[PDB]
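With chain G's structure known, arrange chains G', E, A, L and I with the ligands on it following the hints.
Spelled out from the first residue to the last, the chains are:
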Amino acid sequence: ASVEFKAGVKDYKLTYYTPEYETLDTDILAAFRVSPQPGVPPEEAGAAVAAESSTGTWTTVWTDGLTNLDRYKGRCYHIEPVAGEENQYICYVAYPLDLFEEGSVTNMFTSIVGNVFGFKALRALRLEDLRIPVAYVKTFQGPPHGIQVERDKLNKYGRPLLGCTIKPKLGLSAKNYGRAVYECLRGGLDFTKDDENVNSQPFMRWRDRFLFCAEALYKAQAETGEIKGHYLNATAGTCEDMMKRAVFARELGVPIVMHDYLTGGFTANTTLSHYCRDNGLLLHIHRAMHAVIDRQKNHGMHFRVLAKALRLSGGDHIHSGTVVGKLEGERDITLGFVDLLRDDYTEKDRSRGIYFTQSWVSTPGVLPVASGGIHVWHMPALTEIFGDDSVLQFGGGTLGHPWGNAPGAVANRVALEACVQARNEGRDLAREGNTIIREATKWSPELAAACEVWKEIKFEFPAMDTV
Amino acid sequence: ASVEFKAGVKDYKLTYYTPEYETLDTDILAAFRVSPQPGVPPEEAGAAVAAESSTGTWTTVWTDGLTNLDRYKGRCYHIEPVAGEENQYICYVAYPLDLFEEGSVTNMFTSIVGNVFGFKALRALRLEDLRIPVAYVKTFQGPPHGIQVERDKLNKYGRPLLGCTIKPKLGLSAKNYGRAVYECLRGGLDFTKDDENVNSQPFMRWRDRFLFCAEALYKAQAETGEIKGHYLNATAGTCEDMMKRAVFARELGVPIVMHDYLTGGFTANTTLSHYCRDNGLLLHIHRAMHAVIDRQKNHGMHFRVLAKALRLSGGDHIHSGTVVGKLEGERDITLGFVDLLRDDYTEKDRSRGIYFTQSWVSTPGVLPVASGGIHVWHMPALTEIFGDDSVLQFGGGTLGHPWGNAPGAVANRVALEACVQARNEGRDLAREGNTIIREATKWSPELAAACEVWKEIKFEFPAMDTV
Amino acid sequence: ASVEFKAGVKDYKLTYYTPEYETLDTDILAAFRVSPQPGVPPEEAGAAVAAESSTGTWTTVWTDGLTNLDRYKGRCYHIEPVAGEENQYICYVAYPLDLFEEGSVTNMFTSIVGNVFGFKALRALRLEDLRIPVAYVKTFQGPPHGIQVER
Amino acid sequence: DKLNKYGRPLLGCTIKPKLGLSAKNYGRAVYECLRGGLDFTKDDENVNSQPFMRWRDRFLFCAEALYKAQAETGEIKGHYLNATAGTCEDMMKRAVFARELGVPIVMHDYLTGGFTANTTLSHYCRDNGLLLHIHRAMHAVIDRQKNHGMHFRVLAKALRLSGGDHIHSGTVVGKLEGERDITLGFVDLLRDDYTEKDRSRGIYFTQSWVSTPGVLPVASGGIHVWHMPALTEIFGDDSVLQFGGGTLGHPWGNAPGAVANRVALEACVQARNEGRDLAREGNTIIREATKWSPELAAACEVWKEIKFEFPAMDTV
Amino acid sequence: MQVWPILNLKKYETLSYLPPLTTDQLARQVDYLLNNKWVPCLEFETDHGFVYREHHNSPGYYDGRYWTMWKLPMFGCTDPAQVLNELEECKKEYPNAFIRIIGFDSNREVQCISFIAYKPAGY
Amino acid sequence: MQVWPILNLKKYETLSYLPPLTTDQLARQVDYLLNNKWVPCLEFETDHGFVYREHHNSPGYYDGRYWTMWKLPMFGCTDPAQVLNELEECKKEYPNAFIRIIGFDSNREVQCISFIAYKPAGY
Ligand SMILES: O=C(O)[C@@](O)(COP(=O)(O)O)[C@H](O)[C@H](O)COP(=O)(O)O
Ligand SMILES: O=C(O)[C@@](O)(COP(=O)(O)O)[C@H](O)[C@H](O)COP(=O)(O)O
Ligand SMILES: O=C(O)[C@@](O)(COP(=O)(O)O)[C@H](O)[C@H](O)COP(=O)(O)O
Ligand SMILES: [Ca+2]
Ligand SMILES: [Ca+2]
Ligand SMILES: [Ca+2]
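Quick mapping for you: the protein sequence lines, in order, are chains G, G', E, A, L and I. A prime marks a further copy of an entry chain.
The first sequence lines up with residues 9 to 475 when you count with the deposited numbering.
The second sequence lines up with residues 9 to 475 when you count with the deposited numbering.
The third sequence lines up with residues 9 to 159 when you count with the deposited numbering.
The fourth sequence lines up with residues 160 to 475 when you count with the deposited numbering.
The fifth sequence lines up with residues 1 to 123 when you count with the deposited numbering.
The sixth sequence lines up with residues 1 to 123 when you count with the deposited numbering.
These aren't lab readings, by the way, just hints derived from the structure by calculation.
Take the hints with a grain of salt, since some may be wrong.
Said to hold, decoys possible - Derived DEER-like restraints, expressed as beta-carbon distance ranges: (1) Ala-471/A - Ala-27/L: 56 to 66 Å; (2) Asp-78/G - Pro-453/G': 33 to 43 Å; (3) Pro-5/L - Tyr-29/G: 40 to 50 Å; (4) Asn-163/A - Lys-183/G': 21 to 31 Å; (5) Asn-107/I - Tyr-123/L: 54 to 64 Å.
Every residue gets a Cβ at the ideal spot worked out from N, C-alpha and C, and that includes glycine.
Just chain G, with the same shape it has in the complex:
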């Protein structure tokens, strides 16, 4: 099977539109939302995207005869119109397994999302979902520990975990950070954290911070008798800086560090996941910048794609939205990707924005972290939405309690345990939440003060990313 070489440009759909193709169980499958320019067949737009994300370019090259271009090519194998949009199509692409570097989220994103979103002939493009085949799954470490191990390490069962970002995001000194940390952990929060953009700065140098927050957290454990952690940010300018923070965390003996995976980047993340597995540190992932990519329906990458790639690269924890708080997160979509984050199998489900059935071949699940303008009144809804395997994180909901950090922590820990008890008793959290919270204030004057402060505070707007 050879044919002569004919230089010059052809349509992409001639090679890369393949509707009759049956996907292989080793293929990587992409779901693109595609908006062609005027004049551009959905077929050819589909084809373009497949070609320039796998083997092809804009004119015929002779060097294809050297290979078997059929076994390597990306393929558009199904187009379906988008409901309630003019000129917008889901295009599915299958990429063979050989195209990808084993264990590199970086390489998988470099093909699939590298160059196609700038094509002149598209108005807009958005990766909605990806089907990573199991044999590609097995080439990654995944989460350093994962939900089972994390709970067994910390000795924490039967409830969501509770966290708290230190506030003023920036401008606190080390010693004050440490002070805030002790106070927050000693009132019943399991964890506190470096704010994402707290790295090392002129107002607070990192090694000073780690030092004092160790003292603090070791004092809270000692006073309360339950295991504590504080997410020490390894995010850094270079890999060598990052690794220096990790190694010092390790040397202090604390349980957990954090990393800002997208602004640090997948190459450095993967490195840090490796070192925590070798060193037994838990790894809390912050998803800063994700909304730059994932907010709009028409153009970008859905958050479910970023989360799946986090689970491959490695995180014990990832932020997952709250639904009810100050940042956007539709309930159905959010249930969706959470399921993708913690479970081993997740069937296709377009109602929840899962385009592909997804298997994980016992890759450990990742704990979702709800954080961002939440407070005691949202406790019921949070527990219902996420269930026990979550971390609930209360920054201004802790440090803005009128009575200080300790009491803010107690309020949040009490509201949570009241929702657990009520749930475990057989009560309906969606129906009875305000009541449950109400009941608990009759005996917790910490909670009562929290409740009075934030009684009217709600965050409700038109969302942008919907199904």
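Here is chains G', E, A, L and I with the ligands on its own, set in the frame of chain G:
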């Protein structure tokens, strides 16, 4: 100056809307395109963005009294309506110098772009431009070498440099890669390259590739007498993998490597810039994924922001668009950021989408790389748009020449030198380009065959990102 | 802007005495107490210091044409007489930011106090003060901890 | 013995503009100077690594240049590659890269880098067979005045201890201060094994060195071809003579500047070895050599009247 | 299809893939150099005409890059005849040499021009 | 301005930039050697006249330094005719050799003299 602590939520504009503020020469300045929800004052939207990108959260925290919140706070200091848009505003924010970690593009993006693009109360948000003050500039290495050093190392003056991606993007074996490479360099291209998503795969393992492409390129130099390079991709799953490719490149003695800075990530990029400065390797930056963030007017980050951060982190080369080719790039915007990439001073200029005057305190300039569906007929326009300090990169324009790689390379190198000569003689490239090219085919039968193949090929669509 | 190369010696004040210069916020500014020999205008003594701490030597070199000597040169931009001393002057020198190695005290002092204090044409010289621009400040670590942390 | 150079002072040359030249231009200027007969060229003291020229680039091109000089002229050359730096780790990276390129000689500014870091470099160069040229930048901050500070013989003796193969020693006759008698003084302290007390030359104590190796004095600073005689008579064979402005200021450019310099010096050595009096017959010996060296003739016309004569500060 | 040759096809960087420059073609590059107020320089090489690696092979290090300087850079120069005169002088002195014309920008400290103006016999 | 030449300009260290030494000039350097009580030695070299790097390129290592000794160092020597005689003998035995005269100071163990006294044909 102290005031009692009053828990509960206030408007952000109370603290973070500061219209009368005079920016400091040390401040980092951001230009946001902001689209508020219905019901949300532009002032308060502006304020929100400033607060949650610097010191503030959604409710009053007491710990602000411990610091001087006035000296640390991000500030919205000017709003201006957007012309021809309902409910859309430029909001300017100033961030004090202390907020940032010296030498970390990661930390600067973590504050400025971390969490605000997901705010419920915004419909959309887009970072258009940033003003990095000179004292922050000085904390970064920048480009490992920069344009002056690169030209002196390679001994190449008086013209754009010429490059060529090897095609089939994927699926070629090492030895065939090497074959294509020799043929392309021996006909007059200065460089060839790893395709962005060619890392190490089942069809071609990296160390095999580097090996053969060294032989190839050493054979082309030897036959032609001019210095050659081939961009050996260090992009990798982990930092340790990345560094292993660099060190082997180093050990072969070749001039240049590449990195995919956004899919690798800023933490790992910075690391690699450092090692090439210590080791005298040139560093070619690929901007794969940039269009995921930078395509849309209404939501994202402009490419001028990604380029500025590349110049800080470090690249000798960055892709910059072509204007005329298969990927989107408006001429005026493109002149804009190119100027931001190579020059030491660039004054404010809204017509070119430069919102801030920008000084670089002799940070070396970065060579723009035009690549992507271009060919011999675009030579004139390319030379005019970019001038001598550019790299022109012809993948399918090389390997799709009917006569093979050597002759494709000759066609492109001849067309380029015909445009240089014509230019240097005093002819108008915009007016006389087709002619100039026409004249050159009368004596170059390589060029003539290129010209015949691609005579009608143009790429012209409605652009998305405009001013 | 090019001019032919004329070998031989010239006055330093012809290139490095620049009284109307407005200092840049990146420059490194030096305050010298300068005591010239008999016969030596303060202007030329000031200029010698600026030249021989920055770009120049004692006789014209052709290789200056290869750079832009205006943007690199140290510049004596103000002289003021010293109260209650004969023949002693404060001479102010501005050094462009590019002259310095980032983070090296050793490099700053090698230019600024390297050679000039032995010049035959000076009786005595003293560096009184230095204005370190903020962009240079940021290249240094500084104190390991500092007052707040230490306490 | 390493450089295969005997029977005369060595000749060197500082690249000018002290600052602001790029790496490739530094290499250009180096190649031209070494090919015209200078043994060495050098980083200016305050050329370390900067925005106009990063170090690693400079070393690389000066290697290329110097390897071309050597190959054209067949005499061993060197270029003092400055290891001076902000931290010890930075310094040691520059020495290591000079080691790797295979060149003969690096430099250090011992007082502004500081004795701790010097002694570290001196050790490395022993273990790695690099010559070590010492610049004495800042010394005049401490050593100019009779009434207060530390005499330069003290800094020279400490450099001998610490380690240097070369140190600057003044010229006497150039643009920087150094009285002849005091200068013969400490130069003796730097080179010889035994130096008896001698208050006429500012030696207050008899000093023995138990075969510590002697240090080559380096005359540099405002000298030119007309000073050649004096220099030869003051320092003798065991010296390095260094002509920055006096090389790069020659009207015909580096190669010719270098030739004028090396011609003047071999004429004073030939004259000397024949039995002529350098102090008495210097101008004459120089005059004679211009009749057959047009390079020298051009240098001599340019700097005929240039002298540097003032009241000195540090005297006995 | 034509096969691009293999033997004796040494090339000389910018302009070397076009037809040899005519006398006027030559003039015109020199004017272009001088119209941009760059400083002309001539350089020549007898022995090593092409790059090689004799003394090191680390990244970015090549031998044969430096040629030797004819006289000095022509600072001031506003006359192309001056430059073409020096080309003739260099030629008469070094007829077995490759000779190139370069052009300095001193603001950027980069060569903005560089082309071959004379090759020896058999070249 | 003159351009210092490029081809065939190999140089031989001290005195090698002067006009060739006359017979008397040569005698005078020899007297100078002997008037400082230094020990004459002659050395010769047929093959490698100039330094090169075959076996190592570490700092301080060059090949081609060592030449081969004609007979022994002339210890005791007080007569210049003796030395010029050996020069003539060496020359007759090795007419294709570069020959140099060197002078040893035994107190410092350094050569204090060294110059070329004869080059072969074409040198
Ligand atoms: O700075 C902040 O805004 C937060 O600490 C919330 O602080 P409060 O606890 O004071 O709200 C969280 O990082 C964001 O919630 C990130 O959002 P997401 O989880 O969606 O990535
Ligand atoms: O795979 C590709 O498409 C390319 O090699 C072009 O190949 P052809 O040379 O065959 O076009 C370039 O990477 C893109 O141009 C990237 O775009 P940008 O420079 O805008 O980042
Ligand atoms: O910067 C300079 O001024 C010099 O290069 C001389 O250059 P010229 O060759 O152009 O004079 C020398 O470093 C000084 O001689 C230092 O003095 P000293 O040796 O007395 O420490
Ligand atoms: Ca946060
Ligand atoms: Ca590509
Ligand atoms: Ca100097």
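For each hint, the structure was consulted:
{"no.": "1", "hint": "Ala-471/A - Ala-27/L: 56 to 66 Å", "verdict": "59 Å, holds"}
{"no.": "2", "hint": "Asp-78/G - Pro-453/G': 33 to 43 Å", "verdict": "34 Å, holds"}
{"no.": "3", "hint": "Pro-5/L - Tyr-29/G: 40 to 50 Å", "verdict": "45 Å, holds"}
{"no.": "4", "hint": "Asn-163/A - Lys-183/G': 21 to 31 Å", "verdict": "48 Å, violated"}
{"no.": "5", "hint": "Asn-107/I - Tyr-123/L: 54 to 64 Å", "verdict": "58 Å, holds"}
In this structure, only the earlier hint numbered 4 is contradicted, and the remaining ones agree with it.
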